[PDB]
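Undergrad: What follows is each chain in one-letter form.
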Amino acid sequence: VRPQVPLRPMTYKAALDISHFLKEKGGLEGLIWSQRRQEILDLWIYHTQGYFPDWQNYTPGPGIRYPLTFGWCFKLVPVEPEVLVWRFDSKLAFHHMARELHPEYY
Amino acid sequence: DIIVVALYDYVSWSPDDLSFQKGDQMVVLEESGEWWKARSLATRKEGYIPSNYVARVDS
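Going line by line, the protein sequences match chains A and B. Under the deposited numbering, the letters of the first sequence match residues 74 to 154, 183 to 207, in that order. Each residue of the second sequence is one higher than the last, beginning at 80 in the deposited numbering.
Everything labelled a hint here was simulated from the structure, so no lab data went into it. Incorrect hints may have been included.
To be verified - Each pair of labels, with its calculated beta carbon distance range: (1) 136(B) x 206(A): 42 to 48 Å; (2) 108(A) x 86(B): 33 to 39 Å; (3) 105(A) x 108(B): 41 to 47 Å; (4) 134(B) x 136(A): 47 to 53 Å; (5) 194(A) x 136(B): 36 to 42 Å; (6) 136(A) x 88(B): 38 to 44 Å; (7) 100(B) x 108(A): 32 to 38 Å; (8) 204(A) x 86(B): 18 to 24 Å; (9) 88(B) x 134(A): 36 to 42 Å.
We put the beta carbon where it would ideally sit given N, CA and C, even for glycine.
With these hints in hand, go ahead and build the complete structure from the sequences.
TA: Here you go:
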């Protein structure tokens, strides 16, 4: 009972704004990552808000996977029982790790 | 003014986009893309809205 909202290019603030919206909504911080679980998240947004689903990428590992799209503020953290958990980090609002470790940029 | 009526509910997750309710009347302010900036004749709050959820009215 609603259409698919027009697509629109993603952006720091979008990432940031989405980042906030889920952090608040809860049910992500400390969720176990999955290929699927991410696809569900990532689809629901495209559907709802028009942001295609090719932004939620992360640095390869092994170790904490840092997000590539500056403004998404969720990193994939490995814990002990390598399994990953979604985790929020405000520092990510301003610190763009991926671009530090390493230029897939320019 | 260009007026629109809401053919569906929309919920914004961002203070830049204008959550609206089906049947709401909005004034379009910017028609640049498929997403349009508008104002709510009810709430006076502005934001961006998905243009395929509204219906233009020659009222």
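Undergrad: Take the hints in turn and mark each one as holding or not.
TA: Quick rundown of the hints versus the structure:
Judged by the Cβ atoms, the range 42 to 48 Å given for residue 136(B) and residue 206(A) holds: they are separated by roughly 46 Å. As the Cβ distance of residue 108(A) to residue 86(B) is approximately 36 Å, the hint placing it in 33 to 39 Å holds. Between residue 105(A) and residue 108(B) the Cβ separation comes to about 44 Å, which falls inside the hinted range of 41 to 47 Å. A beta carbon spacing of about 51 Å between residue 134(B) and residue 136(A) agrees with the range 47 to 53 Å that was offered as a hint.
Roughly 41 Å separates the CB atoms of residue 194(A) and residue 136(B), a value that falls within the hinted 36 to 42 Å. In this structure the supplied range 38 to 44 Å holds for residue 136(A) paired with residue 88(B), their Cβ-Cβ distance being about 42 Å. Judged by the Cβ atoms, the range 32 to 38 Å given for residue 100(B) and residue 108(A) holds: they are separated by roughly 36 Å. Between residue 204(A) and residue 86(B), the C-beta spacing of about 45 Å breaks the proposed range 18 to 24 Å.
The given range of 36 to 42 Å is respected by residue 88(B) and residue 134(A), whose C-beta atoms sit roughly 41 Å from each other.
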